[PDB]
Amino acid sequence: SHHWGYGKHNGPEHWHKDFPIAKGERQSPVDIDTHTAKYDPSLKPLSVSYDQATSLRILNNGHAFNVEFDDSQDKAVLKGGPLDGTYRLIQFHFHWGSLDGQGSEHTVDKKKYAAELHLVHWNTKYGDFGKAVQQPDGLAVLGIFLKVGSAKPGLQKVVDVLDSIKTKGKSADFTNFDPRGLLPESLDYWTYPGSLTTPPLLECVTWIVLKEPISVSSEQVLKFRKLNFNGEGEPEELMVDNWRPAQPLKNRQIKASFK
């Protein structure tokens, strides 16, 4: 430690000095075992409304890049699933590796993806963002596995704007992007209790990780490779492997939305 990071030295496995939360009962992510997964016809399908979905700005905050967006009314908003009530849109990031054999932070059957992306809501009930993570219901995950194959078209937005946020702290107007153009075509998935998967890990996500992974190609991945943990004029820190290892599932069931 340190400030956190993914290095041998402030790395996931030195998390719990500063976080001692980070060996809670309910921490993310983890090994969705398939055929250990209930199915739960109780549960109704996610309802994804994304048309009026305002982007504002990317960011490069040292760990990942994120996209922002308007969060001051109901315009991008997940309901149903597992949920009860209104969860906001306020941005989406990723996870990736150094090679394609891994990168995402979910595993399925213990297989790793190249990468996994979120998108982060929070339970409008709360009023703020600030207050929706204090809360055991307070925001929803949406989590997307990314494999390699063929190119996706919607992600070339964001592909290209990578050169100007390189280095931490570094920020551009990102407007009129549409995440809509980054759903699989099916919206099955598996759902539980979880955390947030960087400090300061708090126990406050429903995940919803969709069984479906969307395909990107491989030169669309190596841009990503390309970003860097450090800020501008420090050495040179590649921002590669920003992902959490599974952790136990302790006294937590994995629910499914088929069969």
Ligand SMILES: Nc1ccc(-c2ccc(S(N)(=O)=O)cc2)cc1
Given for the second form:
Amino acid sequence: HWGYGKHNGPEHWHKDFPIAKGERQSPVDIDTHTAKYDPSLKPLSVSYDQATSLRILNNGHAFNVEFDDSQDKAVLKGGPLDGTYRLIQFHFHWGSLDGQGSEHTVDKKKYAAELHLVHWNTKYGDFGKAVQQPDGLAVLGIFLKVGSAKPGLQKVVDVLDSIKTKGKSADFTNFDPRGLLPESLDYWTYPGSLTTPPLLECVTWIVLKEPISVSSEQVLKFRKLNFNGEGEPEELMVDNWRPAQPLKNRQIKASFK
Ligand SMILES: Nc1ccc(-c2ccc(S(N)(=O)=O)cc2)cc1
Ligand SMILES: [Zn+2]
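I've shown you the form solved without the named molecule. Could you give me the structure of the form solved in complex with the named molecule?
Up next: the whole complex, starting with the chain shown before.
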């Protein structure tokens, strides 16, 4: 029953998920002046050429574009990571207004939305196992600002009318997630958590410095989705973001000077 409403939103989650008040919760504010360049950080290796998208699902909290992760087909390596992380899904968090929607903030700036490409550490065998480990997941976070359209996002936007409500899914094959990346792979990185229940502290966060731009029409279509199931009172899927959590005993590292 957790959600993003007045009565079940982020400030309530701790009652069912006590880890909500844990030592490495996400998202966080990225204070760019305090983040330290780490010369020992490697370039990110994003290898998405062999990606196999399968399906798009409205899960009542966001929509997931899901990939075949039964083989090393689309993987993230390098950067802060040891080993190989397989792409399982991507999704977004977004606002009711262009001035909010991102989970991470940059010097307190909120972006219109945030893309999360979720990967799991292959040494743990599958995703369910991986989320139980402190280095189980790597989530690549990419900010969205409103300006010019992102041509690579349009295929996602156009299928949304077919998954308007919670529990709806649609075939979604041959989608290339490379079309969602910015030019630069400069990043910040820190140890954190899932940003929704179960809020497990299993994520190495890698957040790209360069946002992608999407059009107002593209984000407007995100905002036409529903949190509710079909035949239930319409509640627009908007503001499905958790606010910044205390940094506590963590340092944010930068890949760039
Ligand atoms: N069972 C289960 C396992 C993991 C998640 C989950 C996965 C990724 C994220 S996020 N928003 O990418 O940090 C948040 C939650 C949700 C449900
Ligand atoms: Zn997310």
